[PDB]
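Guided by the hints, dock chains B, C and D with the ligands onto chain A, whose structure is given.
Protein chains: 4
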Amino acid sequence: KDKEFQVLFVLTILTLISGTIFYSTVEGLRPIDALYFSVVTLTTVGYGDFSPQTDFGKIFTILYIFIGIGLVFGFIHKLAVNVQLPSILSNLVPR
Amino acid sequence: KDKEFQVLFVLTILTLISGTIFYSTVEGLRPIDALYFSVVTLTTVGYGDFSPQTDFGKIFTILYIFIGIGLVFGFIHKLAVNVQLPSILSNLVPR
Amino acid sequence: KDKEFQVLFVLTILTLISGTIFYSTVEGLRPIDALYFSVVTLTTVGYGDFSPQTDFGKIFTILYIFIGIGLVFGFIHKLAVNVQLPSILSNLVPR
Amino acid sequence: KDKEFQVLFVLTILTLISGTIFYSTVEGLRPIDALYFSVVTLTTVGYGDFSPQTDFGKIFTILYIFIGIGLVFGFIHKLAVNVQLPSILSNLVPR
Ligand SMILES: [K+]
Ligand SMILES: [K+]
Ligand SMILES: [K+]
Ligand SMILES: [K+]
Ligand SMILES: [K+]
Ligand SMILES: [K+]
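Protein chains in written order, with our numbering: chain A, 1 to 95; chain B, 1 to 95; chain C, 1 to 95; chain D, 1 to 95.
Isolated chain A, as found in the complex:
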């Protein structure tokens, strides 16, 4: 299950890297703003402080959302159940 989580973890990083590179280059965002934008899109928070202005950027975002949500959400759930939950349970039993 550490190997389940590692694969998902890695795939998320690669996914957020892909959005960082595209949005920084095509839409002109600072690298840190691209990442933060990529994270805020794929978790569907969507503040809208950043949003794509070019048509290429709009098209890309369509496909990035559809390809990216299922992964991101899969990692978060794996993180909650296989990492966050056990550490919670462990804190309720003094060793």
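Hints may be right or wrong, so weigh each one.
List of simulated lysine-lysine pairs, DSBU-like, C-alpha gap at most 35 angstroms [claimed, not checked]:
#1 D:78 with D:1
#2 A:1 with B:78
#3 B:3 with B:78
#4 C:78 with C:1
#5 D:78 with C:1
#6 A:78 with D:3
#7 D:3 with D:78
#8 B:78 with B:1
#9 C:3 with D:3
#10 B:78 with C:3
#11 A:1 with D:78
#12 D:78 with A:3
#13 A:3 with D:3
Chain C regions said to be covered by chain D (calculated; three or more residues, Cβ under 8 angstroms) [claimed, not checked]:
#14 43-51
#15 55-64
#16 76-90
No lab work stands behind these hints: they were computed from the structure.
Just so you know, even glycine gets a beta-carbon here, dropped at the ideal spot from N, CA and C.
Okay, now just chains B, C and D with the ligands, sitting in the frame of chain A:
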């Protein structure tokens, strides 16, 4: 399962076409902006760079969200489990 | 299952009515804008074209989200599986 | 199950407290606006009336979303099934 995914795939396309046509016509968006708006609403990202200004558009959006989320989300999950997952597993075994 | 869906359906209506009344009165929105705002909050689209300006409105929105998401999402899923799905299947068999 | 819900309930409070403190201090929001922002981020509504302006705040928000969504969503579901549902069923049987 390719036939499960095809039906959902098709139904999503038709759903996004429906929003493209309405928002372009009633709210005046360029076709590409309507589509991008439709995609950003039904995945609940909701940047808000576009949002309906007319009462008809507001009413329509209410019903489009309720009818449209269950489908969109169903396709994304089908896409993740029946397409994205297998291709991931296949990349871990040289043929 | 029509009785499952009816109860949820009703509970959603009552929930959106509650938000319509509060936001129209406390935040001053037109009734139609309150409803549209209530729908856009509880489905977590969150365009932000409307958002509460008063502290009372901010507090209320906190609790409305937590009480309201589980219901709304429950209705949408019931709608997708017990209404939308069957009608889809029925359209693939000429009577 | 009251003990399931209590643990989750508590963990959510602590999570929203953590965001209240950071956003009030680092981003300068009034305590009430930080809380409301924290709640609106972790439920992925994301109105965007508030959004982090500093790079530290942007980085923090990335990790807060990933750590925080799984919890928040877990509480809401526990709330819907173990508290909201039973009280609904109880209202359909006069004692
Ligand atoms: K959302
Ligand atoms: K959102
Ligand atoms: K949003
Ligand atoms: K927004
Ligand atoms: K979900
Ligand atoms: K969601």
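Given pair status - residue 78 of chain D, residue 1 of chain A, alpha carbons within 35 angstroms
Holds, at about 25 angstroms.
Straight-line Cα separation of residue 78 of chain D and residue 3 of chain A no greater than 35 angstroms?
holds (29 angstroms)
Mind checking the alpha carbons of residue 78 of chain D and residue 1 of chain D for me, to see if they're no more than 35 angstroms apart?
holds (9 angstroms)
Does residue 78 of chain B sit within 35 angstroms of residue 1 of chain A, going by the straight-line distance between their CA atoms?
With Cα atoms ~23 angstroms apart, residue 1 of chain A and residue 78 of chain B stay inside 35 angstroms; holds.
Holds or violated: residue 78 of chain D with residue 1 of chain C, Cα cutoff 35 angstroms?
holds (23 angstroms)
Run the distance test for residue 3 of chain C versus residue 3 of chain D: straight-line Cα separation, threshold 35 angstroms.
Since the Cα atoms of residue 3 of chain C and residue 3 of chain D sit roughly 31 angstroms apart, the hinted pair holds (cutoff 35 angstroms).
Are residue 78 of chain B and residue 1 of chain B close enough, with their CA atoms no more than 35 angstroms apart?
Between residue 78 of chain B and residue 1 of chain B the Cα gap is close to 9 angstroms, so the pair holds against 35 angstroms.
Taking only the CA atoms, is the gap from residue 3 of chain B to residue 78 of chain B under or equal to 35 angstroms?
holds (11 angstroms)
Quickly compare the C-alpha distance for residue 3 of chain A and residue 3 of chain D to 35 angstroms and report which way the hint goes.
OK: residue 3 of chain A and residue 3 of chain D at ~31 angstroms, within 35 angstroms.
Do at least three Cβ atoms from the stretch 43-51 of chain C come closer than 8 angstroms to Cβ atoms of chain D?
Coverage by chain D holds for the stretch 43-51 of chain C (6 residues, Cβ < 8 angstroms).
Report holds or violated for chain D covering the stretch 76-90 of chain C, Cβ cut-off 8 angstroms, minimum 3 residues.
Answer violated; 0 residues pass the 8 angstroms Cβ test.
Holds or violated: residue 78 of chain C to residue 1 of chain C, with C-alpha atoms at most 35 angstroms apart
Holds - the C-alpha atoms of residue 1 of chain C and residue 78 of chain C are around 9 angstroms apart, at most 35 angstroms.
Against the hints set out earlier in the document, a violation occurs for number 16 only.
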